[PDB]
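2 protein chains.
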Amino acid sequence: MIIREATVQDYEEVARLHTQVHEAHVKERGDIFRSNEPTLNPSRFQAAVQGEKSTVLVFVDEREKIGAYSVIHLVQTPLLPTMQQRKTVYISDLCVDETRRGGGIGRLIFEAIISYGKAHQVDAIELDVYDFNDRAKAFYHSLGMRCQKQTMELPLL
Amino acid sequence: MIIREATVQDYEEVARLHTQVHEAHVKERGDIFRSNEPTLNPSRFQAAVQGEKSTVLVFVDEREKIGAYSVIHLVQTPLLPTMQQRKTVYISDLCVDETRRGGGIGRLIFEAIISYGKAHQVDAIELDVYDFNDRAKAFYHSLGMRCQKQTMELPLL
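Each protein sequence line maps, in turn, to chains B and A. Read in PDB author numbering, the first sequence has 57 at position 57, and its numbers run on one by one without any break. Read in PDB author numbering, the second sequence has 64 at position 64, and its numbers run on one by one without any break.
Hints in this document: simulated from the structure, not taken from any laboratory. Cβ atoms here follow ideal geometry from the backbone N, Cα and C, with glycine treated the same way. Hints are not guaranteed to be accurate.
[What the hints assert, rightly or not] Listed next, the in silico DSBU-like pairs over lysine-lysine satisfying Cα-Cα at most 35 Å (straight line):
1) A/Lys-65 / B/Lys-137
2) A/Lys-118 / B/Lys-27
3) A/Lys-53 / B/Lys-118
4) B/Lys-27 / B/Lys-53
5) A/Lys-53 / A/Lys-27
6) A/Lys-149 / B/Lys-137
7) B/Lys-118 / A/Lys-118
8) B/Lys-65 / B/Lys-118
9) B/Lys-118 / B/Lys-53
10) A/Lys-53 / B/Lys-87
[Said to hold, decoys possible] Listed next, the stretches of chain A that the computed footprint assigns to chain B, with coverage defined by at least 3 CB atoms under 8 Å from CB atoms of chain B:
11) 19-33
12) 68-74
13) 133-147
[What the hints assert, rightly or not] Partial pick of chain B residues on the chain A-facing surface, computed with a CB cut under 10 Å:
14) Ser-35
15) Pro-42
16) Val-60
17) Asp-97
18) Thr-99
Using the sequences and the accompanying hints, generate a full structural model.
Encoded structure:
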């Protein structure tokens, strides 16, 4: 059991985790999300892994299998007249293998993100979650996260 | 009373209204929002007024007095393997003068925005609102709006 930075060789396993979460979003919001195979572009994954401001973390179990992964970004907004300069870690992905959920792995990954965040003296960790996603909302709430803002919608069709 | 598109000459009044709302945000989330005079850039207002994909609407009820305004944008996202192609109206601003509230003015502006969305056959109207902003949430809820997704935060500093 370790958390390490991902390599490009982790692609297939991470891609599989991404598709679990993506298919859940297709199911609930098919007006926004579309089914595709794969759901994670291998070149885009490689870019995240090697990116200057991005980092991919994996949780690897006792049998050297990927049980979870996350993609994070160090984000800097410039000073503006009406907005504070702000440095954040943005989590664009955090997936735990569906059959390994409810057993500590997500929290372990997130603790590593916090460690990274603090070492870079960021103001906050941020992420976006779809409103239907009760499981994610409960998880992130349990970690001390709260709503900053929300996207509201009025369908017109 | 009338609703019409803004002109450049509307800047000073529209700016004053923008400032009421900006200051509210500075008050409640000074970590994100910064005080400045003005809070609305005049050139950027002009661009919104004349923009190809943007529209500025004002409610006029009194001589030399704008009671409300809104800025909206026609947004189109391309077909991707994993995301549906999407056409929306995005409301970047909608302010009703603090002293003119409680008389249906916001609703009238929003109805105009709906008509715009329909005329352009958009999938939906969208906007973002900050979590502290109970007054705006109740207003948008009352007009049929629902939460699509939310930004969550964990301050580290």
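We went through each hint and held it up to the structure:
1. Note on A/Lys-65 and B/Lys-137: the hinted pairing is violated, with a Cα-Cα distance of about 44 Å set against a maximum of 35 Å.
2. Pair hint A/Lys-118 plus B/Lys-27 holds up; C-alpha atoms about 27 Å apart against a cutoff of 35 Å.
3. The straight-line distance between the Cα atoms of A/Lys-53 and B/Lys-118 is roughly 41 Å, outside the 35 Å bound, and the hint therefore fails.
4. At most 35 Å may separate the alpha-carbon atoms for a hinted pair to count; B/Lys-27 and B/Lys-53 meet this at roughly 32 Å.
5. Under the criterion of a C-alpha separation no larger than 35 Å, the hint pairing A/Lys-53 with A/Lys-27 is consistent with the structure, at around 32 Å.
6. Simply put, A/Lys-149 and B/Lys-137 have alpha-carbon atoms about 11 Å apart, close enough for the 35 Å limit, and the pair holds.
7. As the CA atoms of B/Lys-118 and A/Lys-118 are separated by approximately 47 Å, the hinted pair breaks the 35 Å bound.
8. About 28 Å separates the Cα atoms of B/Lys-65 and B/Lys-118, which keeps this hinted pair within 35 Å; it holds.
9. Straight-line distance between C-alpha atoms of B/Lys-118 and B/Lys-53 comes to about 15 Å, which keeps the hinted pair within the 35 Å bound.
10. A distance of roughly 31 Å separates the Cα atoms of A/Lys-53 and B/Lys-87; the hinted pair therefore holds under the 35 Å criterion.
11. As drawn, the stretch 19-33 of chain A meets chain B at 5 residues by the rule of a beta-carbon pair under 8 Å; at three or more, the given contact holds.
12. Counting residues of the stretch 68-74 of chain A whose beta carbon lies closer than 8 Å to any beta carbon of chain B gives 0, which falls below the threshold of three, so the coverage claim is violated.
13. A count of 6 residues in the stretch 133-147 of chain A with a Cβ less than 8 Å from any Cβ of chain B is obtained; the coverage claim is therefore met, three being the minimum.
14. Hint on B/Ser-35 holds. Least Cβ distance to chain A is approximately 8 Å, under the 10 Å limit.
15. Given hint, B/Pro-42 at the interface with chain A, is violated; its Cβ is 12 Å from that chain's nearest Cβ, farther than 10 Å.
16. The interface hint given for B/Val-60 is violated, since its Cβ lies 25 Å from the closest Cβ of chain A, which is over the 10 Å cut-off.
17. Using the Cβ-Cβ criterion of 10 Å, the hint placing B/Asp-97 at the interface with chain A is not satisfied: the shortest such distance is roughly 20 Å.
18. Hint on B/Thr-99 is violated. Least Cβ distance to chain A is approximately 23 Å, over the 10 Å limit.
Violation of the numbered hints given earlier is confined to hints 1, 3, 7, 12, 15, 16, 17, 18; the remaining hints are satisfied by the structure.
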